[PDB]
Amino acid sequence: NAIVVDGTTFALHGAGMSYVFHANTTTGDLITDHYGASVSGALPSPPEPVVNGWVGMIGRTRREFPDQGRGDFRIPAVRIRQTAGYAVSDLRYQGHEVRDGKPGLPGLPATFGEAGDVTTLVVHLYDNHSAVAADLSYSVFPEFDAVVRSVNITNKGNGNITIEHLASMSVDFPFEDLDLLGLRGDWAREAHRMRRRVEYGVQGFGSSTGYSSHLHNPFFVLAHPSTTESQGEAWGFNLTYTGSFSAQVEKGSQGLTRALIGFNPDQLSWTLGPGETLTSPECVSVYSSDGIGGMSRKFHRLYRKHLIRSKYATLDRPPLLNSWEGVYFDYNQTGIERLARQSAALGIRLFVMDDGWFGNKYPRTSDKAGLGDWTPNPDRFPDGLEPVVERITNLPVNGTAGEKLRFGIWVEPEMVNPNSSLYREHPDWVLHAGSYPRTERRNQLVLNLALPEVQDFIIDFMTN
Amino acid sequence: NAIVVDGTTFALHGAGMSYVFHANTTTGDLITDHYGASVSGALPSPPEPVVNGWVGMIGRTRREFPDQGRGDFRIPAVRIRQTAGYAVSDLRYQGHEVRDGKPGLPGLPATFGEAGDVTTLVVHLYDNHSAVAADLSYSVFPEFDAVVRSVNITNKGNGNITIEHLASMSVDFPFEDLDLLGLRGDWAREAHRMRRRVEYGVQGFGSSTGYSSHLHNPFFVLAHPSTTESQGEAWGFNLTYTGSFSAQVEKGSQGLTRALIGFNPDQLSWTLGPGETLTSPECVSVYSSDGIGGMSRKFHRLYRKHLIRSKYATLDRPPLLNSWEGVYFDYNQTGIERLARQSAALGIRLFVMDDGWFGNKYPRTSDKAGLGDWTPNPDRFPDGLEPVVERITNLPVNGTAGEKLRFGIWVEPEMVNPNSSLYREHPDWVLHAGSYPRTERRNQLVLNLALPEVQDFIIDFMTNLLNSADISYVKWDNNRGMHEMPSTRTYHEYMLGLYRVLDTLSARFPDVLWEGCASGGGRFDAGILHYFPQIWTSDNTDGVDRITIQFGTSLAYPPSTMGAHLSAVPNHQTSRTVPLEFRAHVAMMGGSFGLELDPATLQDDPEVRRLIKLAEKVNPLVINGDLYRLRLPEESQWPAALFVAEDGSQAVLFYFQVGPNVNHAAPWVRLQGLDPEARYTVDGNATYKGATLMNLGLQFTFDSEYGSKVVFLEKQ
Amino acid sequence: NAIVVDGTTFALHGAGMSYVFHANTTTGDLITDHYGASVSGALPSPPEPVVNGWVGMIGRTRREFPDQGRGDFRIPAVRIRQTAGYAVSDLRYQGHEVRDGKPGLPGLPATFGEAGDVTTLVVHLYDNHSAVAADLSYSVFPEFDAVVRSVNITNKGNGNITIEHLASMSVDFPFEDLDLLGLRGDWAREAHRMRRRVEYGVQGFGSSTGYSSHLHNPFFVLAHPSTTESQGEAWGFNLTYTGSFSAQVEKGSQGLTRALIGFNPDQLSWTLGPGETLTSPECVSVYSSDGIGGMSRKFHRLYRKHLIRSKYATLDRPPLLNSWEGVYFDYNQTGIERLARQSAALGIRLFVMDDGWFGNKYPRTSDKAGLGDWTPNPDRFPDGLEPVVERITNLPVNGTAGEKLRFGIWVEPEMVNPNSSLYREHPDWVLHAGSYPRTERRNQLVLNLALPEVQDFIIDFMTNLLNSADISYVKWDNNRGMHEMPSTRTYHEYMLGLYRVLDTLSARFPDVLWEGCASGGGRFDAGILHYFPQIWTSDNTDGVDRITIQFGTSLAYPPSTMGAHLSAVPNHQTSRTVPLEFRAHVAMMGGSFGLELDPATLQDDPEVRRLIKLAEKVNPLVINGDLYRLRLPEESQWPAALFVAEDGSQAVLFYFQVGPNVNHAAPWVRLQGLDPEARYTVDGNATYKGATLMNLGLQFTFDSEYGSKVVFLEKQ
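Protein chains in written order, with the entry's author numbering: chain D, 33 to 496; chain A, 33 to 748; chain B, 33 to 748.
Just so you know, the hints here were simulated from the structure itself, not pulled from any lab data. It is possible that some hints are incorrect.
[Claimed, not checked] Heads up, incomplete: computed chain D residues facing chain B, CB under 7 angstroms, no partners named:
no., residue
1, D218
2, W219
3, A223
For every residue, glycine included, the Cβ atom is placed at its ideal position computed from N, Cα and C.
Can you build the whole structure from these sequences, using the hints too?
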């Protein structure tokens, strides 16, 4: 009974959390009632607002999947360019289904769990004027007060449509005072905490780097100004995605706050042909009445049991020695085993050989060549890699009675130096735009993992 | 020597401002060196920054026209989807031209000036790989420390391109703590000052109504945290545009701050065919070292001298009576004449007949019909409008000897009710997207001013209206936003159409006083001030709230621009009751003072006639003076403002007490902008030296819930 | 004409300051009209307040010398228990005298000047019912916008009166937002800047130690919330006293703010028999409209010209080597000359022998014995102290060609070890309360300076010591506070005693360079500075913590007044390691630069010889220059100070980076105090206009954990 449907009302209940919305049977829109501590039974309904000026009733209600261009001037969760050129969208509730468990997300990483741990509600919207569908997914992990949201867009028409913006999650908050928290930084100073009051207008952060990046993390918290690590209410939002992203919080003119996280709309022009679907990454979201740290502890438990799928999620990690900062590029077979012996002598159980072991015709003796040529450097490893790894994995570890050293290695599979064999063979494998200069960073270009040729190259040399 | 070019270094020099950038002849990019107080001679160049991680050298420099997709991860000023489908851009410096004066802007309002007042630099950029050119315009009005910028994207290729984003202005600030001021509100509470600290990431605001809107004004100030109304450094930015807009301040990872204003990207997908050009609206930028108020005063003088082109920019506005809150929709000929007679007996020099006069088959007797049919309603005006305007304009004005009453009229041309004749004939004239429901707000739809047909419909019925009777005033209203649109292109084509209309009609009738309006200040922007010398500030006519609204609006726009009416109590929007003199003193800070009530409801005629003469006495100083916001309503319950003649001969002080002040000391209000060593006679009595009035001040006490004083200063 | 009298109105005018008050002809009380920027001519009079509740008129007025017990519930400036048992006081205005120049202060240090620089106004009050006279002095130094106040209470009646509280200065401020600033700390962390909003109620600080102390300095600034180092208005108050003090700022119920400083009332129960007088220490006040920095600069010049009376006030201080941190107690004759030889060979001009040279039967070989037996230890100096000092003052100084070393001694005359000859003979000489345990701190007791036997003992051992050898520098230390006192009167009597000793000794030896010390900045007040030109700023000699310590101290006292020594690393108080050039640069912002470390432990003899030369180059600008704190160490990790020569012709910029700044932009440091239209050469290379250096500034990057730069500017 983690999800309760009553007519057009939908309630997601957790141990200490409730998420309640409903379908407006006149307009068809999804309206949010409550997202916060547990409620149950009848809910007080908000007295209807008095409308004056330009902001009509759609601009005064809390909306689950808001569009722009029909009266709402607040930042939208979806923008769609219709085949006929309009950037209008009238998505109306059609029906829903609740299922125990949680289905997979096509091509994307996502939380998972069995019927006892998570329940899922899928809500279907349809725009009859343009033949576009949406599917909004809601998953409760009741033990962790987590709601996981994602949305599908389907083109059901005969022409192309373009998704110009699509948030994974869009919550509208009531008129309250809110603080916004996030992580900001750059190389060598990631994830510095930041905390600002939410103001009228837009505030947020995102990444344009193609990756979630050093600059802002795809994560933010809204909380009351008096919320600390152990007291007060907090709402966390996490996007399960490694690409670019946008996170926007906006206090509208009427005082309701909209929070939305997902794709970066500036790096999302997703043409959908007839029948095609675009799936958004999921956004995990957590409520806590026990401080910001209460919310963190819920994320940590959820991720370790329902996101991190490796068998090492709950296992002890072996103390390792990485050779990067101790030796940098300057080594060969001889130094790598000096390092490995001295590691085993100290009780270290895993030895990692970092950058600088690979390349042949253009060897990795610096920042400047070799990425792409993933065989050992013969100048540095005369008899290859495996004689060395076998000596290395035969060292006994000090103070262990039994155990042998384990061996690890460093790769950068998505990159390539212009100064490499790979780039000379396959210069069209790299990200580039026509004849625009192929700008470098640390003397490297990025491989195009949208190309199936590049993905199989990566899968094969890693497997080999 | 206001613009100075050495090598690739361009310097724009105002009186107490300087703007310096240069082209990097290795990358082709334009790099900002300085925007602030005056520099001259050689400038220190920054030591080269060490590069580590993903942020390359392009992410560490101050740029003037930054693109994204070649290494800079910060917000861009421009985004172009090229014909082949990339969103890459590499606009490299090509050359430049300096000329004295300022070219016009095609199809848009812009500041204007002559060779002495303004000098202009155009910088040419070109993208070799995609065949796209960008031309960046910089104009200096050195007297006002103002820098006016605008940009052109011309497609020189052979396929189409799409401008997905184009900022009018784009400045990169060095690493320093900054504060962002904006004006936010909604209907009946526009232009509320907000001040927040600039944080790593993005903050800003914009508009998606299709107009500049009540929600955010297209205006913002960057200031040091310590900057006040009279101390420290402020940088202002104002977009000269009545459409949607986007304003963004981003403190990037490296600590430099990017500020940019222009089109709302989300309502800008502008296809450029081979040989087509997109022209951004101008953004006006002001620097001050004398606080936020110094910044405002330069804006005010600039707009009054180089933007408001109407002959009324410096002329005084007649005290008027608007009929809306006194009578609403329930009237006919009989009542309008009643309001006009009582108007002239009180000394009012202009009578405005608001909503409710038009429509025939579908009369404008309510919110629900007649918008579109712009002929007088025969039920209410049986012999037409011209004989009533005739009898109204023969009424003599009390206490005047000679002058007769003038007549003005309300219109809302861009709108139509479905229950009207125009809509029944031309239902395709409205904004709409295919078969989607045509959503109403206050029962009306918006006409598509991108269609030349709709433009000429408006131009023609207004030309015919203004020639059909003795009309010397038009209030041009606009009571909703755009919802569904036939294409993203229509957002900005509507505005190009509206500007053709406003340009024709205001040039054609230069002797009409035109007042803009949009449920109040829903279109309160420099774009409308170019054609209209004044704008209805807000539908909130409550004395207490008009102090916050008028103070906030004056952050960007001159008090000469602000319409303000003494209204009836209890107030129809707040239900608050404020004494009559308080209410009047607040309205006298607007450039156009007036009454908006039934004069039958006011019973002290000598007091009202006494307040109207006071309004006429202070109106010249409000129109032509410099404003000093001595005390802000945000900071205290004793707001005060000072209007100083441009030449220092005279001043008027408005001083209010909002809350009651029970059993407590009153503050001292200290003036500014006077001559320290001059003598000033305060209200015909005592005589104080400027330094005394500025360093000690005056103290006022009240024993009332609301109090107010208008005090005059004459130099000697 | 700094002082103008018109009736019962008294105006003190400075360059940009005015202080105005009047005697009320009805109540006899002195009412404050204005303290701030210049006023002249007629002043506005505040409208009379409406009185309801318990606070009558006397509670709504700005009072110059307020009493409690007749209707004013705000904190009083004076409390007198009268002979008959009342604590009532009705001191009314009787008359006044104006006098050019400034009269001395009996037994207390005070600012000085002659008739051209300073004028004094004395206002005589009298209580008829109890026969008590009060005499309020006001002195203007017009060039420095400085008002100096003090008060005298004289008993004219037949019985005793007891003064229970007596402020040197009491000002009532009008209703307005105020911030309070002061310096708070402890041993090894003196003079940390704190800033707090003034609330309703009392806030302040003081000292209970019997000395002004490390915990709070007898100094505070009232400023507007928006006031910074370079903009806005600030009022400064500095008590010229080395004993205990109390500073209280009270925002009263009605909104007016009372600031007052003076004696600590809990250590002031001063019985006055018939005819006797109690004089308060002077309080210096400075108004500035150019920010808090502008106030400091006026304090610095005022104290350099009109308070520091030693001939070294504007002389340059010889680089010195102090033996303390290098050797502590473990040394004798041979170590002292190995130290002096090695010192001379580095270019050092003065060698100071610190703690550990004295005592005979109980020698000073540690913390635990000998203070009081002020003859050289014969174990350590077997031939006497004069053969050692003669050999030392013939060592020639490296890189000087000519000059011979100077020699200086450490003393701590107010203290005695129980383990000493002195205490065994005269145990009645220390401060104690009957049989109460005589608590030690650092194993010493405090000699009672209120005894004339004690004062003469000190005058004597010091006179005999300074006449035995060629000693031209004395460090006068004091390493604990007061605990048990024989009576409350003894706190103030002690200081009158200490001041007799400092006046006598400093006048008997005007060629000695005297340095105050008290475990560092434990007595860093204008009282000491009158007699000693410099003071040991802090025992914390770590480069990072000293940046904060020196920027805080400079808030009130000139940099020429601060001693700062380059110390060894790891630091003995913080365990921090910081680079040598960074330590040396922090120490050059002090007036008396030196080294406190074993000259062998330093490896780079050229680097420290280069640094000493740099120190002697910057010293004239630190001694005579004007301090501009450009960026505070409390605001960011890039603090920076600029020293501009009196005449504007040279300057030196100290710039620091405290943390590491990894992968981030660096700020720009903008200068101030320059001529905008002049050209300045920076470090002998690039030449810039003043406007550029002030409006755009310079930017430095570093790739270390700590960075520093010392940059010279020459006009033209």
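Results for each hint:
1. A hinted interface residue such as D218 of chain D counts as satisfied when its beta carbon comes closer than 7 angstroms to some beta carbon of chain B; here the least separation is about 5 angstroms, so the hint holds.
2. Checking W219 of chain D against chain B: minimum C-beta separation of about 5 angstroms stays under 7 angstroms; hint holds.
3. Interface restraint check for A223 of chain D: the shortest CB-CB distance to chain B comes to about 14 angstroms, outside 7 angstroms, so the restraint is violated.
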